[PDB]
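A single chain, nothing else alongside it, follows as structure tokens in the form deposited in one PDB entry.
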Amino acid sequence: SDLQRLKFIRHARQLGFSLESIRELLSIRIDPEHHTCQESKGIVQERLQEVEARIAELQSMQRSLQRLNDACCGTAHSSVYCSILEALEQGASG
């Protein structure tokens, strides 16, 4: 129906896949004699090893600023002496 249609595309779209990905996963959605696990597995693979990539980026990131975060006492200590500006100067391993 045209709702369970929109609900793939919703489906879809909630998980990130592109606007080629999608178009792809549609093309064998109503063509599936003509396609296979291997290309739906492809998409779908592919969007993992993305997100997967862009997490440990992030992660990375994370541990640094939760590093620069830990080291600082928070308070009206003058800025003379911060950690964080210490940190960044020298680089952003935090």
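Here the rigid core means the biggest group of C-alpha atoms that line up within 1.5 Å when the two forms are laid on top of each other. Residue numbers count along the first chain shown, from 1. First, how it differs from the form deposited in another entry.
- After superposing the rigid core, the C-alpha of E20 moves by less than 2 Å between these two forms.
- When two forms of a protein are overlaid on their rigid core, residues whose CA moves 2 Å or more are considered shifted, and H11 is not one of them between these two forms.
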Given for the second form:
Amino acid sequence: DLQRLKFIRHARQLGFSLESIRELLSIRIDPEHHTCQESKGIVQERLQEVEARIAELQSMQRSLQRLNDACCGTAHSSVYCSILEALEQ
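Based on the form deposited in one PDB entry presented above, generate the structure block for the form deposited in another entry.
Single chain only below; no partners, no other molecules.
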């Protein structure tokens, strides 16, 4: 009950998909018939997913930073905005 909910809460904190969470719950309730290989495979898959998303976000971050730094951000007419020009290109 409560401990089970806490377990789930902890998994969600790590971004595990509902599918992986369901699998972790099955291993959790019937440990005598599951192995470290199974649990680690679940962690590893999620780990690869996070590292991949991180790479994507940092890439967007680098572009956004350049767009941001190049624009004066003032009353300057958007007819001359570099951000619009960049997004067009």
